[PDB]
Structures are given as structure tokens and as C-alpha cells.
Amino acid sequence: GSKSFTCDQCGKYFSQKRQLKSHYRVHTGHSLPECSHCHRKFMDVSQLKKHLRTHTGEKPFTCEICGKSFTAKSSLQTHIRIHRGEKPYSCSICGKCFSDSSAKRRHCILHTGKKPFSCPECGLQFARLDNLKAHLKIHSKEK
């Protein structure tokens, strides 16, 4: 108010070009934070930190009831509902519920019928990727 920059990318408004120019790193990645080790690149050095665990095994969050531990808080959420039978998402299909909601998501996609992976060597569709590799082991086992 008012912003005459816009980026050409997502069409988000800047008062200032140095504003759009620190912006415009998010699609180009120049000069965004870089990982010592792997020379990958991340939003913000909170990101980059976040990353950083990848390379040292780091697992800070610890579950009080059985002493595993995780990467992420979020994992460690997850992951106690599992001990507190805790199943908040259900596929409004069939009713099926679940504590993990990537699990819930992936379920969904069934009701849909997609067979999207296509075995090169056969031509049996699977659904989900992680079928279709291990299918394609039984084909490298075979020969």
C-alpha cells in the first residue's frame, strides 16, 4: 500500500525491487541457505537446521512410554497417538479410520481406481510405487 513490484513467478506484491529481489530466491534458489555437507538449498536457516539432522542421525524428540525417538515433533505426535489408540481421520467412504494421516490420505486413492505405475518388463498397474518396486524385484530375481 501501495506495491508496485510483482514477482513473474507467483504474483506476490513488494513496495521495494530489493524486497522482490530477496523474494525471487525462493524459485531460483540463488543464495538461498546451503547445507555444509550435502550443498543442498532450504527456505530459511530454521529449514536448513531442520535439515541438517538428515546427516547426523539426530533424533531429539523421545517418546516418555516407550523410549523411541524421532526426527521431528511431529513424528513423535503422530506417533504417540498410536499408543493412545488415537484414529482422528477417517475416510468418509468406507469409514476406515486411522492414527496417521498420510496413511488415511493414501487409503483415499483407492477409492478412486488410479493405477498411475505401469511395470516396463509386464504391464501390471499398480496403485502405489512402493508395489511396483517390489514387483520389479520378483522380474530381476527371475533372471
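Numbering follows the first chain given and starts at 1. Rigid core (definition): largest C-alpha set, two forms, superposition within 1.5 Å. What changes on going to the form deposited in another entry:
- Just a single entry of 118, 36, 102, 62 exceeds or equals a 2 Å CA shift between the two forms, which is 36 (rigid core superposed).
- Put the two forms on the same core and the Cα of residue 93 is off by less than 2 Å between the two forms.
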The other form holds:
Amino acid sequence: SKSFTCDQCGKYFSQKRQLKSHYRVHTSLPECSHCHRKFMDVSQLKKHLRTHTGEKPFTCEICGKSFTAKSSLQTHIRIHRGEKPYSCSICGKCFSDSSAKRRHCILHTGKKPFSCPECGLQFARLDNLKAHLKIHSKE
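Mind giving me the form deposited in another entry, seeing as the form deposited in one PDB entry was just shown?
Just the single chain follows, nothing else.
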């Protein structure tokens, strides 16, 4: 039987100490000593430390470029192989990169939630508002 339940997510636990440890994920969590960012688990903190190091241990066998993560390398490989598995249901365009497909499908919605604070022009992507504000920086 499980008698200790979490308030926010509702998970059950056999002992209260296990509930106290889990509840730190809704609040004392592991924190990076350099940038002071808090992380859910300890393994995620471990992987975050590699961003401070700058090391790239996953090397592409074809071109020789290296990546900070193994899923980045798998994605990169599909570019070499011309594999485009992700396709837009509406416009039919295909992508090797799953984030490129996701970003593309937002355009079919026409939502523009980023508006320029100087001139009021609306943007669908935050990157494009960033560049437009650079133009406003004349002098």
C-alpha cells in the first residue's frame, strides 16, 4: 500500500522521507555552482556541467564536426543521408530537423505574439523581433 501522496502532482510513496525528497522538485533542488541555475535531478545537472566546459564528444563520422549531445549528432546525420521524415500535414513540406518542422507548422496559424515596443509591428518569431529592434537602434 501507498499512503503518502504529493499535493501538486499526486504521486504516491511508501515513506514520508521519499515524499519530502520528491517535493523538492516543486521548490532545495540541485543547483549549478557557477551560473546558480537550479535543476530537477542530479543527472541533468551532470549534463549541464558540460556546457560550462565547452567539450563536444560526439563526432560525425562523415564530415568530422562534433556535437555536445548524441541526439544532435543523430539529427545532423539525417542531413548527410537526405532523410526528411518530418512533414507538414498542411503544406506538405518535409524536414530532417524535427524542430524545423514544429516551427514551420506554427506559421500556418498566423499567430504573432511578439510586438515591437517602439513601433508596434507584430512578429510570429522572437528572433525576428530581435533583429527588427536592432534597426530601431539608429544612433
